[PDB]
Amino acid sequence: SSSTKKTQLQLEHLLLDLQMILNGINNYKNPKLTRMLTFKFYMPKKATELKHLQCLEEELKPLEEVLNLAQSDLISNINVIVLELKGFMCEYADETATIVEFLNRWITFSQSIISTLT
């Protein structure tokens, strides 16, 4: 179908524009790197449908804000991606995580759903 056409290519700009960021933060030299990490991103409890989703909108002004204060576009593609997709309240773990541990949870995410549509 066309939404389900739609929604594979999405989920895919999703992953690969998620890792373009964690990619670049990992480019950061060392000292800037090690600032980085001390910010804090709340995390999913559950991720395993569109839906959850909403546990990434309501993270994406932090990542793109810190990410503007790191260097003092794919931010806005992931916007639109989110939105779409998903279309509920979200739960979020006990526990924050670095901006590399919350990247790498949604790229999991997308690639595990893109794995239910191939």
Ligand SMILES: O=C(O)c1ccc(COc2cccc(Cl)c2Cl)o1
The other form holds:
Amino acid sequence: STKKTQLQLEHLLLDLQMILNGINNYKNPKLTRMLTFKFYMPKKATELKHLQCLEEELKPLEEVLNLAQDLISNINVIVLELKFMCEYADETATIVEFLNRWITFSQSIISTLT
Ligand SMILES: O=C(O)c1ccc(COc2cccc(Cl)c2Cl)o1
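Could you present the same protein in the form deposited with the named molecule bound, rather than the form deposited without the named molecule shown above?
Everything in the complex follows now, all chains and molecules, and the chain you saw is the first one.
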């Protein structure tokens, strides 16, 4: 059962990494513009219930990938199924720091299920 949890997190991790890898490259002309948008970051992200903070930013994440031209739909399903009122850090981040943050979170939980 925690096997299913771990596999779901791995799928989350890979999906988030595919997005980051997709946008964070010089073959992407819209990168500079994409980095102007602000993403809100979890005040704390140490438990699965903290994924609420991710779920609440999936729509803007989608919008910014949109206005720069699904994985998101799959991420949304995984997040809902893995997943408390969300507390956000005071300073916002770029789409790249946002993704890197939730990639680290995902890797962290995965390791505590090994
Ligand atoms: O339909 C989806 O998007 C969906 C359902 C579960 C998941 C997470 O990934 C998984 C987790 C656990 C098992 C399996 Cl076989 C998959 Cl593919 O994605």
